[PDB]
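The primary structure of each chain is shown beneath.
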Amino acid sequence: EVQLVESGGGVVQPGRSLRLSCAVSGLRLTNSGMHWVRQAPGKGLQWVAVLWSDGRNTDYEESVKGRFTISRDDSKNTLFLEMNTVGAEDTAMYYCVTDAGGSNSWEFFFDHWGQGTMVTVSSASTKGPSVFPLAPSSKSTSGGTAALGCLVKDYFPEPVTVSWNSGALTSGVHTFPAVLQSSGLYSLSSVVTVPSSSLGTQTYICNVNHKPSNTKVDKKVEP
Amino acid sequence: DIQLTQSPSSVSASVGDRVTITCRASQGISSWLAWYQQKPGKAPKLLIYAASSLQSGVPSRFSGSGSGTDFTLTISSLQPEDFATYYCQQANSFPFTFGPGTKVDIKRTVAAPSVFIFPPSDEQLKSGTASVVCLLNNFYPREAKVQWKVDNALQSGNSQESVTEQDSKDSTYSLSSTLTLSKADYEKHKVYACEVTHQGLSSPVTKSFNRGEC
Amino acid sequence: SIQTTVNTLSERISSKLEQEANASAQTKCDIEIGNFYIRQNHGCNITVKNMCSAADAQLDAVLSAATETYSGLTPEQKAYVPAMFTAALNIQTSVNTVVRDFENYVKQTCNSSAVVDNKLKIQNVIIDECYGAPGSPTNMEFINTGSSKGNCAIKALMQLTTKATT
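Chains as they are written, first to last, in PDB author numbering: chain B, 1 to 223; chain A, 1 to 214; chain E, 6 to 59, 61 to 172.
Hints are computed from structural coordinates only; laboratory data are not their basis.
Accuracy of the hints is not assured; some may be wrong.
Said to hold, decoys possible - Keeping only pairs whose Cα atoms sit at most 25 Å apart, straight-line, the calculated DSS-like set for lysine-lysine is: (1) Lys103/A x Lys39/A; (2) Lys220/B x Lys183/A; (3) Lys139/B x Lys126/A; (4) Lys107/A x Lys149/A; (5) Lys207/A x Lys139/B; (6) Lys139/B x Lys149/A; (7) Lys43/B x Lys107/A; (8) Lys43/B x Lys190/A; (9) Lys149/A x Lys207/A; (10) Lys190/A x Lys145/A; (11) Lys139/B x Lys190/A; (12) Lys126/A x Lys216/B; (13) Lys127/B x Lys183/A; (14) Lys76/B x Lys43/B; (15) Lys220/B x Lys126/A; (16) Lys139/B x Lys188/A; (17) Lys127/B x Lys216/B; (18) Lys145/A x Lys139/B; (19) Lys126/A x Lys43/B; (20) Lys33/E x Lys65/B; (21) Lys211/B x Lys42/A; (22) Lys43/B x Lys39/A; (23) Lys65/B x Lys125/E; (24) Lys127/B x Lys126/A.
Said to hold, decoys possible - Some chain E residues near chain B, calculated using beta-carbon distances under 7 Å: (25) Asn40; (26) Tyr42; (27) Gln45; (28) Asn46; (29) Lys54.
C-beta atoms are modelled at their ideal positions from N, C-alpha and C, and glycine is treated no differently.
With the rest of the complex left out, here is chain B:
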């Protein structure tokens, strides 16, 4: 079967450069047109660029023309996207794909897709989150159940993992997708509903792990 395996993704500063690679097994590039397709977080798919079977002719979406270069190394059957003048608009999951057409045809639809490689373009420096209680109260309680949680604010970059009581609490936990604030830092919340009675019998602690900063915070959330 055709396997496409991307690498090269990461965090990168605006204006600087990066190279994505797509290793291809099951098919020779000399026998296939190839493309890159990107997907910004939360958005749709956008076509980026196409390399011909001959390894040399190319075309680009207008927005990236001049800044990106699509090429390959036959010796290694590997496709590449060279991104040179990255702006924060280039933040996206980058998917390497095959044109269904071969050395004598074009189809312009994409029958094989790689697993994806994420490029985040930002001016932020790495930063651990600071973790704020979402305290249970009368405003967060309905009959038996109280809701409570943690606001995980101002961290960079994704991701953060969150558990409750070292993973002993799993039922009724909702840990939401992060949002990207106008500050350039992410923020997210993790909430849990528990029996309102347990508020004096069980302490609740959210365990926040931010590997890029080597940060682990255990925040006790009290009434």
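With chain B held as given, fit chains A and E onto it using these hints.
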């Protein structure tokens, strides 16, 4: 460029439902149109090419039709594994463009959000900022509207919102909305309120608190 | 088969681009052809050649060599041209109306905003289909008049050419 629009923007179905999604192109593109399926966290996968040709391996319950500007993708009997977002794509001319997507979710009985609000912590305020958080918990369907109001003024441009994925156990959704304001500006208003509109609710519900309330 | 006509076509196109449009391979090309996409190539080597100038004579010039080239065709050959008008351009036409219908097709199609008012000095071409003789590959040339307008007529003429090889 060729604009592709898709209808409905979302759709909810039970296992076994017939489901049909539409794609309309801003210009004629003959049969140069494909459909892809995508699931959370995963690469798109091709289902249909040349408008009506099923990609090999794809289950037989998928089909497409049309030519010109208007196209259809039908799932004759939706299966648990078909719950995903679907994109159409034109192959007529550069740049190759995609439609915006059409999410297909698991139908469930309507369930109104449990609405809760959380004032900013003292620890946060010490740092000079205030985050007020409104939680809509365990509701169905996904369509929901949160409006922040400060001193009964509708408060736009200063909140952000995240929704979980559909729950695997009970097929419900939850939603976190955060209002962020200067601590300085937080102390110049009295009443903070989250107003929630949802089909499960007879009338919009409001949860609020006063700054300086225990 | 079709090769002669294409070459003969191409030559009159360049011969008349010089004699009338006053162009030269050495002339600066305002617009240049970027890539030539054939969706199904089964024997065609298509090369681009620059005879750039400065458009209505380009258009008027390309019309001349087409008309003259169609006229040269044997009447029993020329009967094939209407079928390829329908297939390549979705134009309804007949032997006696070829020259007029094509004329107005290019006049109407190529004098449209989309053409004159387009901001790309490197323009691509997409062709559905092209066949070549087993052992004998159809070899064709895309004369870059140098303007959107002129290239439109070149394109229309190329869509008819490639359509013929079916």
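Against the structure, the hints:
1. Distance check on the hinted pair: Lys103/A and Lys39/A sit about 10 Å apart at the alpha-carbon level, within 25 Å; holds.
2. At roughly 23 Å between alpha-carbon atoms, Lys220/B and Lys183/A fall within 25 Å of each other, so this suggested pair holds.
3. Annotation: proposed proximity of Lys139/B to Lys126/A holds, straight-line Cα distance about 22 Å (limit 25 Å).
4. With a C-alpha separation of about 32 Å, the suggested pair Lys107/A and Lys149/A falls outside the 25 Å cut-off, and the hint is violated.
5. Under the criterion of a C-alpha separation no larger than 25 Å, the hint pairing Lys207/A with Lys139/B is consistent with the structure, at around 8 Å.
6. Restraint check: the Cα-Cα separation between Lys139/B and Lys149/A comes to about 16 Å, which is no more than 25 Å; the hinted pair holds.
7. For the hint pairing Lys43/B with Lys107/A, the CA-to-CA distance comes to about 24 Å; that is within 25 Å, so the pair holds.
8. Restraint check for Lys43/B and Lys190/A: the C-alpha separation of about 37 Å exceeds 25 Å, so the hint is violated.
9. With a CA separation close to 10 Å, the supplied pair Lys149/A and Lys207/A stays within the 25 Å bound.
10. For a cut-off of 25 Å, the pair hint linking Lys190/A to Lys145/A stands: about 23 Å separates their Cα positions.
11. Taking the CA atoms of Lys139/B and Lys190/A, the gap is about 16 Å. The hint holds against a cut of 25 Å.
12. Note on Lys126/A and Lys216/B: the hinted pairing holds, with a Cα-Cα distance of about 22 Å set against a maximum of 25 Å.
13. With a C-alpha separation of about 22 Å, the suggested pair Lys127/B and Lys183/A falls inside the 25 Å cut-off, and the hint holds.
14. The hinted pair formed by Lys76/B and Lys43/B fails the criterion: a straight-line CA distance of about 33 Å is larger than 25 Å.
15. Pair hint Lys220/B plus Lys126/A holds up; C-alpha atoms about 18 Å apart against a cutoff of 25 Å.
16. Restraint check for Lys139/B and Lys188/A: satisfied, since their Cα atoms lie roughly 22 Å apart, inside the 25 Å limit.
17. In summary, the hint linking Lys127/B to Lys216/B is supported, as the alpha carbons are separated by about 12 Å, within the 25 Å threshold.
18. Among the hinted pairs, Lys145/A with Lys139/B is consistent with the structure: their alpha-carbon atoms are about 19 Å apart, no more than 25 Å.
19. For the proposed pair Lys126/A and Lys43/B, the alpha carbon gap of about 36 Å is over 25 Å, so the pair is violated.
20. In summary, the hint linking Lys33/E to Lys65/B is supported, as the alpha carbons are separated by about 23 Å, within the 25 Å threshold.
21. Restraint check: the Cα-Cα separation between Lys211/B and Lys42/A comes to about 23 Å, which is no more than 25 Å; the hinted pair holds.
22. Taking the CA atoms of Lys43/B and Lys39/A, the gap is about 13 Å. The hint holds against a cut of 25 Å.
23. A threshold of 25 Å between alpha carbons decides the hint, and for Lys65/B with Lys125/E the separation of about 14 Å falls inside it, so the pair holds.
24. For the given pair, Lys127/B sits about 19 Å from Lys126/A by alpha-carbon distance, which is consistent with the 25 Å threshold.
25. A distance limit of 7 Å between C-beta atoms decides the matter here; for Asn40/E the minimum to chain B is near 5 Å, and the interface restraint holds.
26. Among the interface hints, the one on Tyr42/E holds; its C-beta lies about 5 Å from the nearest C-beta in chain B, closer than the 7 Å criterion.
27. Interface hint status for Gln45/E: upheld, as the beta-carbon distance to the closest one in chain B is roughly 5 Å, under 7 Å.
28. About 5 Å separates the beta-carbon of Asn46/E from the nearest beta-carbon of chain B, less than 7 Å, and the hint is met.
29. At a threshold of 7 Å, the smallest CB-CB gap from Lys54/E to chain B is about 18 Å, leaving the interface hint violated.
The structure fails to meet hints 4, 8, 14, 19, 29 from the earlier list, while all remaining hints are met.
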